[PDB]
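Single chain ahead, by itself, as structure tokens, in the form deposited without N-Benzyl-2-methoxyacetamide (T9Q).
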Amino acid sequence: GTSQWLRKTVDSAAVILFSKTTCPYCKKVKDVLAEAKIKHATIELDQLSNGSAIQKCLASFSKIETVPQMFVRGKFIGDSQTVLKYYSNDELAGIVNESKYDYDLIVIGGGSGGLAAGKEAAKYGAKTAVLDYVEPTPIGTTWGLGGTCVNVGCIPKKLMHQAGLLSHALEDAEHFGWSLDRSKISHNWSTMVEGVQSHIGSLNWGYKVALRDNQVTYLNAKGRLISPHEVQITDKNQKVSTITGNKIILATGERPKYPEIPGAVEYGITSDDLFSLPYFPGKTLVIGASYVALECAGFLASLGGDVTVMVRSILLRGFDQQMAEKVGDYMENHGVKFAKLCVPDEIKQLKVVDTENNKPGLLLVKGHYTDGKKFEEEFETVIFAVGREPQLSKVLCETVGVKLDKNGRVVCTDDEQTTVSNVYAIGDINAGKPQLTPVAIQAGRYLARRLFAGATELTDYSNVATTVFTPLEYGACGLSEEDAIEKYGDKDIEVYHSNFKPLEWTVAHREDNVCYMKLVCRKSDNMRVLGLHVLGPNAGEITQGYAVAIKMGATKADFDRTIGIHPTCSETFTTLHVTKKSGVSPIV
């Protein structure tokens, strides 16, 4: 086992040094490498239980057994004397820059995973290039480096969530003694957008400065894998060229879907355009039922918009459906309208968008209900949030041999390898993995360490916690309640649950039995917690820490023997006692 590991480590590392912590000849080579600004991986054999065998297996590559041993791209370079000799003779730089390929690593896609992979690999000497390019939306929207989350995702959408929550802060402030009158305050959309966009712009810039400071070539151009080690690039002026790389990481992500109906691409928008929209949407129709659909409808309504959501079948397919319905009911009771079991057939234009005065157009939406009734109504803006998909045919010449699934996502082993042995995929395009920014970062960074630093640690994709930032937030970790019953049988499942009420809602006179939380547990496994769910303020901050306990296999007794922090919302999890089978009510 040790042997096979050392062979894979030596073959892929760019510059790697085997060492011991207490050896002056190792120090001597380290000081030489630091002086000449040579970046490299370092493995200290005296801090590995396996290191004595490893020190013996290095003689397969170098025919010696002492430390230090320096390797470049699979080739043994020398012990202490030879490296110093290479240095003294002005030979060391040309040896470490020697390669079959232009780059040790080419990343296609400069988003969450792409930039994480690229920065980490550069730290261990891997000569790295990150490629990024933003195909404009149908109306021409575009943005800078950083990928979906930074530019048209988690970041601008949580800040617009914050401004939505500040409306209820203003309401709440009257009851706590502040003098303002909420009903004489209005919201200015473009002022909000300028502040959000300004923060994004500093992220774009910060990422560029990060790549430059890690010696990463950044190319603003479209990448096409034409063979295992050859990537074709087309830049902004349509100039076409080829670069080669030893390892290839695919991190191109996804883009929004449009329903195939007349008028949709012409007259609707998506989340890609919403976050830099120069005008307030006005009376808005959201077509879709995903978490994207509900978060966007949610903050548009809190900023004073007239909002309808058109629901084909159910809300939040794939999430715990009781939690989904609580989520939806909260929105409906605070000014979001729902058009349930409704599908659109057509969008007709009645006014073009007023580019000069920054005012929305006007649209007519025709649809029908399953009961036969026609849907017909006017909206100033129509947003589509009906899914997302990758566009790999534009990236992957099918003759290279990368296996895709029926949805067009890349099939990988559990270390992210594709069916082409030097090509990997991370993030939203990795088939079957949760589509989330921290996941893609963990995958990129861990993969970079396996390739260029001999690491073994894999990314763990199970029981990853999520949060939906609807007006009342919803956090979950683990199995939904229905899936657990599905997997183990109703008799083996015990669900503890309770309503609650934040102390902050008392003086502000908000609802009594609306916030909610439950633990789904397995009876035959010491009451193991299979899934946790909470609906309430600050649901993300509440949920995060419990994810660590659940990863370690927490049981109902672990929740019970811990003591709460008071006064908090999250403490209700430490004193739960009402089961569902008992039939007792969860209310306060």
Contents of the next structure:
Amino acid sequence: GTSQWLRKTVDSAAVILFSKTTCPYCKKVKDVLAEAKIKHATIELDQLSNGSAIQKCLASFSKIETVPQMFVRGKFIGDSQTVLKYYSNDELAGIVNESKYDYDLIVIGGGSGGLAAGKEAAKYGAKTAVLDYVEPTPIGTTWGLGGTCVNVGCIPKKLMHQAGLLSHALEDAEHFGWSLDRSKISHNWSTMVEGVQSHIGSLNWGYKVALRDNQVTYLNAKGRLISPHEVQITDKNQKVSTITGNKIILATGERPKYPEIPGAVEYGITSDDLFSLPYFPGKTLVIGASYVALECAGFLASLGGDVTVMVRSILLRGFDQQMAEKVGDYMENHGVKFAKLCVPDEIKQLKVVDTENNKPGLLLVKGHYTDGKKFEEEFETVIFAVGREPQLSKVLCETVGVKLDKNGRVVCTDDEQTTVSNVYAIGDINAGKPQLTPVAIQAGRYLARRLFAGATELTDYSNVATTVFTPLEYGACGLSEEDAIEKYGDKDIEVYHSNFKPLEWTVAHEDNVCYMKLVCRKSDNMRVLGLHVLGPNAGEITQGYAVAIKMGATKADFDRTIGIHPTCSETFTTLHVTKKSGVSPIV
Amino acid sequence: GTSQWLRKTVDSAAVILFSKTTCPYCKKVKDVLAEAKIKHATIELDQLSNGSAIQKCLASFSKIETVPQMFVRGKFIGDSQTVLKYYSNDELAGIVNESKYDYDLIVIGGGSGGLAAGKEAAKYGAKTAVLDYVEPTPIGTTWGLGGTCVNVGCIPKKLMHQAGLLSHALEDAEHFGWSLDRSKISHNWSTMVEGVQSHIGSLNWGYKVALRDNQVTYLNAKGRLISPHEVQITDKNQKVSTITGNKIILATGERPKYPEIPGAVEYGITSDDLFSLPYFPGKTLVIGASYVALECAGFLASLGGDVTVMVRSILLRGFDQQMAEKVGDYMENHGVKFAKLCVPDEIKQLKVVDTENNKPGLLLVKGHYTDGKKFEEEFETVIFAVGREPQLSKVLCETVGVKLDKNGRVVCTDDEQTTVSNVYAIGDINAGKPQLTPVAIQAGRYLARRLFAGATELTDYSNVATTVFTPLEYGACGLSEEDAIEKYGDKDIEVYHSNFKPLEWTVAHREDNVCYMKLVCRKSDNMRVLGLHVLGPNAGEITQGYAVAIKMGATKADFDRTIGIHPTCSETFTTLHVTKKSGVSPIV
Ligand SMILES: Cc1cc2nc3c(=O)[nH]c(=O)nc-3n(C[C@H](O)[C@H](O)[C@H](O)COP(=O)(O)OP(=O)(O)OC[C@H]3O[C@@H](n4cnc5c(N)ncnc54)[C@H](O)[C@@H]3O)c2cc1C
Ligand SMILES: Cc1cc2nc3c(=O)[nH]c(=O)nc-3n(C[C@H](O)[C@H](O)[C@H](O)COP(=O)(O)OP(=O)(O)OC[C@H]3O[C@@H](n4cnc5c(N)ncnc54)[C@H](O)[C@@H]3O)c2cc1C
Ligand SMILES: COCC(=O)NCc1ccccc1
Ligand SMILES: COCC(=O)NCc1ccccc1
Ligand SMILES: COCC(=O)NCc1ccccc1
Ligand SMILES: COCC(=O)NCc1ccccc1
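Can you return the structure of this protein in the form deposited with N-Benzyl-2-methoxyacetamide (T9Q) bound rather than the form deposited without N-Benzyl-2-methoxyacetamide (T9Q)?
Full assembly next; the chain just shown is listed first.
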């Protein structure tokens, strides 16, 4: 009912005003709170369909049914006369700061989700702390505020992908009439890294500025939850102390795994080290087959590197395997070598990294194939991309009572609540959720609004679109073909597909490598279950269709919509060849 | 209802079989027709909701109610035993080819719409002819099969746009670590024209191959409709003759306009000439302010040219004007000069075009500003982009009875039918329709299916998305902000907007707050998205997908609950929150 919503909202909000837009008494109270620099949530009752019933329920706390009514941390404070009495008697600031705890909210983790949750909470008057610490990699690499995406993830990865894309831009320019000679142009790794790191630095600073301008307390400290409301923090100087908070948000993310083989930790690196590496990696082996592995190998090859990928079984496990194979075939034809069906056994050091002259070392990699033959080859750099994992045993004392799953991620309700009722988890550590930066940001902002502004909207985790930024990009939204066939049966699935050629590729001189498909359910009006595209700018192509899939688009919706010409994306609006027909999809 | 549909379908279809998927007698008839290379439409009665009623109405034509039933040009031909008799007796070929007319379908015009209509019709057994002729420009330019888009429109202009985009890619490469020096690289116009024209030639050839492989008769001839079923054709040798057809599709498109001033036709050019010009235009004046004018001026400046645009009043009349101004401001900041509020009065010739040394001429342009002050400046090339118009007085004898509107376009019903019942019109000459290549293609294909395969689906001309390929691209779908406010009033319209910066622009040191997007929404209809607008790179790829959601009636809530893809430009549409009425700044 309305009544129990109102109780949760009053119990949880830090400072909240129940108001009406046309009442000059509420306006007087608003302008008072603004002058006093008091931030607060506002619930305009004349804009809610059942505002009348809420007014009646307020009296259960305040014994009045009029507006405005101000509350602070679950307690009714007063109407217009009473609030102005406190203001003119210099008693207001003390009353709005009265709290059982040091903070209304403590966020452990200053990354994609945690910074978004903390900033949104502060907008409603929640007194908020954000804790962030970066544990250094085995070789000592560290970085600033903002999380995995900002520092060692989406941002530097896509900037180095762009540096690689520009190599083919240089090649194409000749065919379009420009006088340069591609074969006499080379790439400088450290010039690239300096520009990438300068941009990352501007983001570290921007987040510190944003927290200060929202009155958020930023602590560069390692946090550990030792009881439901107590966080122990450890300083850069090993000073230990305890702060208290009403609500706690866990948002500490993951770090790369290493295989348990000799030499891995000592002599290899991960993506954590790659994006600030002060020397060109040289001849490189990438071990693994995830989107991180393939994206990194792809741009290293495009910058002119000698690059090999060691694949245990398949590419992109969990993605549509037809598409995954097309991705890998393109890379193999464009200068990435693959050691297929192969695992490593040991990494042996032949030459130590020369920090002084800014040169890599030299390594001997020993491994074996599934047919039993041995692998043995020398590389200057070895990069492990074999998955990521959280380390919540560092963050969470067992006695607090927060349940984890077999993988060590937090088990949450559909509103991010843990098994401890004031403790929530968002981002990559929330078990079962897509591990993506815009998912973490939406979860964090929406959760802050439910805690401190009386919102009810949940985050929707279904049909979240993705893009893999390999040399030829792969965008997807919804089910793979194999998952749909498993779920519904082969006779209830129809697949429309086509090759295509970007117009930009005609003058630049391949005809049939770009490819797209719609996987559809026959018995549900040909509903689009999944969309897949391999081609340039695949993330821009895919994004808009994710809205239509969210709304339940059918094939007839795609047919009746008209294309924009000339584009790659328009090919989705005229698809007609089915896989069951056996007709070729080539252009 | 059903009976009126069945009569229209039987009267119009060239060759059609009424069938069921489970009937082995129907399968035997299908096999005979395929072996005799007889193409036909097929309607599978067991797959239609009212298949039982259709089966019963068939008796009004054939006096039977079973399947299969074969018809040819409105006449019942027979059941399974009868079709096999004709086949065994070598009588079937002559039956299926019997006609009052030379062709089931004559398409006048071999462009985007006409080629699509003709190929689709031939798939259902319609005996089809496609007529195409290119009247040369005043200086003599002509080109091959395929229409305006293929030869002198979307295809060459986007390729030249891409050559222009690559100049900034060469600049950006230095910041991302590559060793080149952009300052020492120049552009060769004729090398780019040769590559563009080689691709256009492959399209000309590909369409001739497609018509041959579909058994469509291609006539390189100028057509004139002289009665409802008679088309007069004129040869390249000026031989005149008459062919007849049951259905007629008019698909002749438009050509560029010239202003009525001295020297315009003699010494200027249009887009028709630009895309195959053998020499670089040099210092260029573009007169006009359409998307054609701005796209051409944009790429010429990026290829190193000294370019001025003469604007009579505003940019992009009929497009959202906040967006049009941001487009123009970006071009003016990046090396396009504008002569604002200005029109030309005369072009004088100072040098003839130098065909020997492959060089432009030289012209003196005189004009005046709206306050009366004078304009006078020299240019090597003057391009007119002041609109396009059809020439239907050449295509259509007045006595046929096809009604035209005040602009000379064809007045059609919602199924493309003109005021003459067997005559239809598609593409740019269809009055009131968006003038775009994918619209012409959808209209031609859907019409051919209704004429020859019993389809009922109409083309939907509402909320068709567009993209202007200026140096910074502008994509749009739906109403402009000013049209939304005019239609619903200011109090019922909410606008969400934001600047943004492509991630690719950060290390390249490009501008922070020039790219821009907005959603124009209707408050009283669950915040329905009435219009979407984006200025930024790859704007056509950004916009296309959202056109499906707008077709389905997307609201602001649907954008909010959808999660973004990171890092992209398009994801900024999923988190918009600043409203124009709040007064809050949209900068990042
Ligand atoms: C190479 C790579 C590329 C990626 N590319 C993309 C992409 O293109 N698009 C996309 O959507 N996603 C991408 N991702 C995923 C994206 O980075 C993550 O989903 C996102 O960063 C998760 O956000 P988060 O808030 O859960 O955690 P994080 O961003 O990892 O932030 C958690 C923070 O908490 C800190 N912390 C940990 N323990 C403590 C403690 N005890 N006390 C204090 N602070 C602590 C961590 O050091 C870190 O700073 C990529 C990931 C990688 C590794
Ligand atoms: C510079 C420019 C750029 C454009 N860019 C785009 C773009 O990016 N995207 C987009 O969607 N649209 C674009 N367009 C619009 C697009 O070209 C048209 O909407 C489309 O070509 C219209 O097709 P149509 O079939 O109506 O006519 P057309 O393609 O013009 O074909 C008509 C054909 O009929 C021929 N013909 C004329 N009279 C006769 C006759 N009597 N007998 C026989 N044949 C005859 C003509 O010579 C021509 O070949 C652009 C147009 C221009 C001018
Ligand atoms: C960059 O995209 C990485 C990602 O994790 N995308 C979502 C996904 C979920 C489940 C299986 C495959 C993919
Ligand atoms: C079933 O997968 C067999 C396999 O060897 N996959 C690895 C790979 C495939 C295609 C291109 C590059 C690498
Ligand atoms: C009302 O419009 C007045 C006008 O002069 N528009 C032309 C123009 C505007 C912005 C940049 C370049 C040209
Ligand atoms: C009001 O204009 C609507 C329209 O669709 N105009 C045709 C066109 C649009 C965009 C780019 C090029 C051409």
